[PDB]
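Colleague: Listed below are the residues making up each chain.
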Amino acid sequence: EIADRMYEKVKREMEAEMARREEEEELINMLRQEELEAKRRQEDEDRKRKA
Amino acid sequence: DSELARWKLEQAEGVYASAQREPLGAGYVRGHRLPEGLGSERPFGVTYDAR
Amino acid sequence: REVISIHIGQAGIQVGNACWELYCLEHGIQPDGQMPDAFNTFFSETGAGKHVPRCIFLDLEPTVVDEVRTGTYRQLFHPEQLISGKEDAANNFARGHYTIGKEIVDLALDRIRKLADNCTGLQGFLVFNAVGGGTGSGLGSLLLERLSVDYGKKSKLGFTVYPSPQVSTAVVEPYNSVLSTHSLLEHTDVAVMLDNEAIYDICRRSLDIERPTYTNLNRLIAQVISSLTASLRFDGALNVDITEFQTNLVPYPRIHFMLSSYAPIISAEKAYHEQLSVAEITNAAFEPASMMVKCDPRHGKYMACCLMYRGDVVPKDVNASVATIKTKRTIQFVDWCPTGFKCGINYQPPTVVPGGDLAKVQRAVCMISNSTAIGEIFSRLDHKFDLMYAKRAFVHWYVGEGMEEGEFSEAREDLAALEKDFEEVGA
Amino acid sequence: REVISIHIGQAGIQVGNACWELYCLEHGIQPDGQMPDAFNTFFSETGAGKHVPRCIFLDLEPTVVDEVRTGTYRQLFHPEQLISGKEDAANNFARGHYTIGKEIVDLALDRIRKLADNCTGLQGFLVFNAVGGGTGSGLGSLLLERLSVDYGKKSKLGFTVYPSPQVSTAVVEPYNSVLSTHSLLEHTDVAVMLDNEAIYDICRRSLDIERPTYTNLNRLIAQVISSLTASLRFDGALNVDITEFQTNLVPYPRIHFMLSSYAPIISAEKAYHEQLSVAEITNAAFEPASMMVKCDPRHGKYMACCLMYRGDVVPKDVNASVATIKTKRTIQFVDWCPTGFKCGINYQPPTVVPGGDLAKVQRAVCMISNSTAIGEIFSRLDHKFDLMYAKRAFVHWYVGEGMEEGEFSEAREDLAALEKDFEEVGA
Amino acid sequence: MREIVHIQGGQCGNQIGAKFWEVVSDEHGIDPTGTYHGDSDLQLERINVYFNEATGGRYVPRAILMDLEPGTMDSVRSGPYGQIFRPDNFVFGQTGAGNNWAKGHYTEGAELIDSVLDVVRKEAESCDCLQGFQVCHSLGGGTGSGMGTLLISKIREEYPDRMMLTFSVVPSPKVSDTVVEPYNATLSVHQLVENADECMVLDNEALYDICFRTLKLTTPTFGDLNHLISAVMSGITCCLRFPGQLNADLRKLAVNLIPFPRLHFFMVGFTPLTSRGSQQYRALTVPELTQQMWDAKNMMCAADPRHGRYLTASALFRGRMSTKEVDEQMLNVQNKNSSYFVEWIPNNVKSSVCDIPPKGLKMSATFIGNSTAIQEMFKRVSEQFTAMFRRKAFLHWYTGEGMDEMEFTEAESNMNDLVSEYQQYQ
Amino acid sequence: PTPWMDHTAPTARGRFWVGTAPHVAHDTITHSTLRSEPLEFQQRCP
Ligand SMILES: Nc1nc2c(ncn2[C@@H]2O[C@H](COP(=O)(O)OP(=O)(O)OP(=O)(O)O)[C@@H](O)[C@H]2O)c(=O)[nH]1
Ligand SMILES: Nc1nc2c(ncn2[C@@H]2O[C@H](COP(=O)(O)OP(=O)(O)OP(=O)(O)O)[C@@H](O)[C@H]2O)c(=O)[nH]1
Ligand SMILES: Nc1nc2c(ncn2[C@@H]2O[C@H](COP(=O)(O)OP(=O)(O)O)[C@@H](O)[C@H]2O)c(=O)[nH]1
Ligand SMILES: [Mg+2]
Ligand SMILES: [Mg+2]
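Protein chains in written order, with PDB author numbering: chain 4O, 304 to 354; chain 7K, 103 to 153; chain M5, 2 to 37, 47 to 437; chain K9, 2 to 37, 47 to 437; chain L0, 1 to 426; chain 7Y, 209 to 254.
Don't take every hint at face value.
Claimed, not checked - Below, in silico cross-link-like pairs of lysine-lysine (DSBU-like), each with a Cα-Cα straight-line distance of 35 Å or less: (1) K96 (chain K9) x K312 (chain 4O); (2) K352 (chain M5) x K280 (chain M5); (3) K394 (chain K9) x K370 (chain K9); (4) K174 (chain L0) x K351 (chain 4O); (5) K394 (chain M5) x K174 (chain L0); (6) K353 (chain 4O) x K122 (chain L0).
Quick caveat, the hints were computed from the structure, so don't treat them as lab data.
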């Protein structure tokens with residue numbers, strides 16, 4: 304039964320690590336998206352300038 | 103020269119690292135959580151009764 | 002068993018002013034002066059339920075004294091007991107010993123007289139002064155001289171503050187120090203040195219307070235004084251009174267200069283991690299990383315050591331640790347004293363001051379030793395005295411006040427005689 | 002019985018960051034420091059509900075140290091125990107052995123002294139370092155030298171990290187390797203080589219992780235360390251302490267360089283499928299496809315072997331398996347000993363770490379042998395040290411720090427003498 | 001902790017530094033007002049390397065702008081992140097050297113250097129433990145090269161144990177601005193080889209080539225070029241400002257790259273650089289970054305490194321990467337093209353990893369190669385120097401100021417025997 | 209409480225080493241002794 308409780312703990316910690324990794328990678332992609340859209344705005348304002 | 107502005111200046115510059123590492127009288131705090139009893143009710147160190 | 006404490010100079014009265022905050026906290030006295047037997051060595055009950063201390067702050071400049079008279083402890087100190095002159099000696103030994111002392115010392119001593127007459131079982135005196143200044147040096151020496159001719163037989167504990175080697179705040183303090191020692195030799199029975207740089211390095215290293223003001227220094231010095239008088243104030247498993255240091259620490263009538271040390275000086279976070287036991291604080295009390303005087307005991311040999319233990323300490327492990335110390339070979343004793351120790355144990359643990367940086371620990375150690383590194387310190391002050399005196403610099407102020415060259419030369423050879431005594435004793 | 006662990010360099014304390022994560026999960030200690047006697051060999055129990063490890067992390071650059079100070083294990087490690095210099099040694103042996111060591115080694119040794127005095131039944135020291143870098147090699151040798159002076163008779167397990175032949179990240183690591191060995195010879199008692207390329211191969215082949223970082227490497231290194239101290243921590247059927255490697259594996263005072271290996275390195279899906287027994291892991295621990303150092307022991311002849319066993323294992327079949335190894339002819343032993351093994355059995359199975367790539371395994375093996383293939387590794391490094399020193403490359407950096415060519419020449423010939431020793435004993 | 005002081009000379013140096021402080025400030029997340037507004041707390045830990053705390057959350061950079069004409073200062077205060085410099089660090093002359101090395105080294109220096117030395121000395125002792133100085137300047141202009149050069153000599157004379165970086169651009173005949181280019185470049189190099197610890201050679205011709213081919217930009221103004229060099233300088237000091245799995249500061253990079261005390265002229269590259277159109281059609285793998293690193297059309301000098309050998313090389317990576325891929329990629333590039341590397345040093349590649357990528361990328365890289373193809377560029381300059389000095393063209397504007405002929409002969413000899421010893425080690 | 213009045217504790221009402229306000233006004237010694245209350249001043253001190 305102690306063995307059973309231990310591998311239960313293992314599964315719990317597995318799920319926890321998965322959740323943390325997911326939220327972190329999401330934040331990273333969000334930062335990337337914001338930097339990309341800033342780039343796009345810089346790209347558009349120069350075309351406005353030339354017009 | 104006012105309590106408010108004087109306090110807001112410190113509230114603003116509390117983000118500085120030296121402001122937290124050189125508190126004129128306090129000393130470095132480390133922000134460690136203690137087990138709620140070692141500060142006031144119980145004294146630090148190992149305890150074996152003499153009295 | 003009663004002892005009175007006088008404070009001379011601007012440094013002395015700031016120190017004892019930290020001390021009395023510690024004392025009222027140790028005995029449960031709120032600063033207004035009433036309780037909500048153990049106290050009777052300091053506070054004499056009088057007036058209406060008032061525990062008024064056996065102490066006189068005396069000084070020439072009224073700035074710090076009336077600062078006390080308006081501070082939080084307005085109601086504690088008897089108003090008459092705070093003697094205040096009108097104008098300073100201004101870092102001038104001659105001015106404090108001949109010009110202004112001549113009007114102030116008689117009033118000081120005949121106060122002292124009626125304090126001692128209110129006293130019953132007077133143990134001794136203990137003075138607080140820094141010998142670098144003018145008032146604490148000059149009229150302090152004059153006060154000790156007239157106290158010695160008044161009583162003589164009563165032990166006088168002198169807790170002096172010497173100037174550090176490199177960190178220094180005055181220019182003529184070599185002159186003041188030399189002239190102060192010339193009387194501190196033959197008047198004080200037991201004199202404890204405490205410079206400021208050593209406490210600076212302690213506050214930086216262990217207490218990790220990096221911008222230390224004078225209060226932090228005065229706070230932990232008050233902890234040391236309270237620690238070596240807790241045997242008188244409270245009953246212990248093995249108590250030693252103020253007469254013991256007279257016998258057990260002074261092997262020769264002129265070798266009385268004692269390094270101090272305290273352990274554990276530890277903050278709140280460093281307490282939650284270190285395990286506080288007896289063997290390691292006994293170790294901690296011996297390295298120069300926790301001494302109150304910036305000197306190198308590895309270059310010196312111990313004469314006699316004394317160990318005050320406060321708090322939860324049993325005699326078994328203190329005997330064990332002292333055994334380990336005597337069996338270590340890093341530190342060495344003189345060939346005269348196989349019994350080079352004197353232990354002491356008291357029950358009451360050291361208290362905490364709110365706003366202070368020391369955590370509440372079960373136990374503490376106050377080491378008071380005797381060595382030859384002090385002989386190295388006096389030669390260090392002697393060199394920097396001789397350099398300035400070779401050009402007769404600053405001498406005209408003393409001569410203009412009324413002193414001359416005779417006592418300069420004779421105080422110089424007196425420290426040279428003390429040096430030869432330390433070199434003769436160490437062998 | 003206690004053993005303390007010091008970590009030197011960038012690689013050292015990252016190995017510690019994995020080792021102590023493993024120890025805390027083994028003894029059920031949360032990272033905050035308190036459990037919700048087996049621990050007594052690693053954590054001393056201060057006060058009430060708090061265990062603080064017997065370790066010192068040290069480095070010259072503060073980047074990785076205060077990453078630890080701000081990581082998840084802020085409360086576990088004593089604040090003073092983490093030691094950080096002001097500036098790095100920068101891949102420079104002379105700089106990290108004469109310029110900055112002279113400042114840091116005194117504080118380190120005067121800290122381990124009070125850690126030892128806290129300890130009671132000290133078994134020995136075990137050190138963690140990599141010799142390719144500057145901090146690990148230079149002041150690692152300096153620290154080991156003064157430790158040998160201070161204690162000497164106590165054993166010192168050195169788990170060093172040598173540079174791989176072809177996969178390498180630095181340029182002057184041949185200079186640093188040679189100069190570190192020259193003192194690792196006569197200072198360490200028992201030295202274990204760990205190479206990164208072989209661990210990359212293990213993680214690629216067995217663990218099938220095609221993109222391994224340093225975390226995985228340090229994870230299974232911690233598995234090896236924990237496996238060879240598990241005998242001290244927990245009781246088994248046939249236990250073996252730290253002093254036995256000293257005798258059973260070192261036939262000559264200057265031949266102490268042990269290959270290590272581990273089995274079974276098995277992922278989560280390969281366990282629930284392979285049928286694990288003692289015979290196959292005793293086999294698998296002997297193939298070069300599962301050693302921790304990239305060398306071919308097929309070329310070498312074994313001197314001695316040590317077999318740690320953890321988990322569900324009986325002495326019968328481990329005896330039968332080692333009999334099969336002794337009777338196989340694909341590996342050969344040296345004639346200088348007919349008895350080439352030392353078994354060891356402990357009951358507790360190896361624990362699993364969350365996020366770790368290994369599975370819950372019933373039983374595991376840690377092999378620590380000694381052969382002549384290590385004599386081949388040293389010659390392989392000696393070749394590329396000659397190549398760069400023949401053109402006097404990079405020498406001006408070390409000479410600028412204050413060294414000369416004498417120590418290069420004498421370290422070179424010292425490695426040649428050691429090469430002579432292995433080819434002589436192999437005969 | 002470890003401290004870096006910045007020094008910018010000349011018009012090029014000033015505008016490079018303007019983009020530099022823009023990029024670094026954007027990395028540490030500090031606004032153009034001068035207050036922190038970032039997200040992660042990793043940024044706060046290592047901003048003492050580049051900033052000082054002034055008042056109420058005001059971080060001022062540890063930089064010294066220096067030139068001889070107010071126009072550059074106006075262009076500094078005009079753009080954003082121009083209100084964050086301390087105006088006392090605007091140490092600044094009034095007359096203007098103007099493409100005269102003698103003016104920038106004897107006439108105007110004799111009165112500007114005392115003041116710039118005072119400000120740099122105050123900014124040096126203001127911190128605790130210096131790591132080194134970092135100078136961005138040119139080799140063609142006068143107030144940049146000459147003034148910066150004497151400043152280098154004064155600093156190395158006062159602080160000999162501190163590191164020293166010089167981001168210096170060199171003139172190229174294809175993109176040649178002024179006429180006294182070799183007269184200034186030769187003398188400045190002759191002083192750099194005995195004073196500077198190491199130099200990172202840059203040039204505008206290779207930059208225009210990069211923005212043409214890889215970036216596919218239409219109008220490469222100076223903003224983007226200074227943007228590329230700024231990304232390079234952020235990449236080289238990323239190891240100090242952010243924790244990593246393998247740290248490599250300036251000094252260890254130096255000791256890994258410089259085998260002989262006179263061999264310290266590096267060529268630099270940067271990865272990844274892709275056009276906006278082809279920006280999302282690619283993958284982000286360590287092989288993908290490595291093939292763009294070791295490409296010869298990505299070096300930032302007009303010196304094809306495949307025209308010679310490498311002596312040493314380094315690659316600083318940023319991002320969550322697998323170190324095994326890093327090492328095997330470095331080993332593959334070393335084992336395939338074995339002729340491009342020197343034989344008497346095994347494993348000529350130093351590597352390092354930091355876990356924080358630059359803002360906008362998932363995984364970036366910075367290459368620093370100490371090759372022997374630099375003697376091509378130095379011969380390319382010295383042959384123009386001998387062509388002019390053969391008949392003393394333009395010589396009198398230097399001669400009538402204090403400079404004499406033996407100085408030019410010495411610079412010739414020092415340039416000639418330097419490229420001789422590069423050829424020798426080739 | 210105020211400074212101008214005495215701060216005496218309720219047990220140490222009237223004693224020798226301590227007193228500045230009258231314990232009891234208009235109580236004769238002989239009166240009290242006949243009432244057999246012990247003379248307050250005679251109580252001892254340490
Ligand atoms: N430990 C400690 N020393 C102090 C403190 N204040 C002053 N001192 C020392 O006192 C020495 C000089 O004497 P002061 O106390 O300042 O003045 P004085 O002794 O009264 O002499 P005068 O200035 O002439 O009145 C200096 O060297 C200080 O180190 C303090 O708060 N704590
Ligand atoms: N196995 C393993 N090796 C590592 C790790 N980190 C660094 N190394 C090795 O360390 C060697 C270089 O030394 P470092 O540990 O990085 O740095 P150092 O030893 O402190 O020397 P300095 O950089 O001068 O301070 C490289 O050859 C790496 O192989 C790690 O996490 N695991
Ligand atoms: N990358 C870049 N190069 C520049 C810039 N401004 C000038 N340069 C280069 O610098 C050289 C001229 O240097 P100059 O500014 O006159 O130096 P100074 O006169 O000493 O200040 C020319 O070859 C230009 O190519 C710039 O904004 N960016
Ligand atoms: Mg004074
Ligand atoms: Mg390192």
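Colleague: Hint by hint, say whether it matches the structure.
Modeller: Here's how the hints hold up against the structure:
Taking the CA atoms of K96 (chain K9) and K312 (chain 4O), the gap is near 42 Å; set against the 35 Å cutoff, the hint is violated. Note on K352 (chain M5) and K280 (chain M5): the hinted pairing holds, with a Cα-Cα distance of about 29 Å set against a maximum of 35 Å. A threshold of 35 Å between alpha carbons decides the hint, and for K394 (chain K9) with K370 (chain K9) the separation of about 42 Å lies outside it, so the pair is violated. For the given pair, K174 (chain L0) sits about 33 Å from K351 (chain 4O) by alpha-carbon distance, which is consistent with the 35 Å threshold.
Between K394 (chain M5) and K174 (chain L0) the alpha-carbon distance is near 71 Å, which puts this suggested pair outside the 35 Å criterion. With a C-alpha separation of about 46 Å, the suggested pair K353 (chain 4O) and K122 (chain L0) falls outside the 35 Å cut-off, and the hint is violated.
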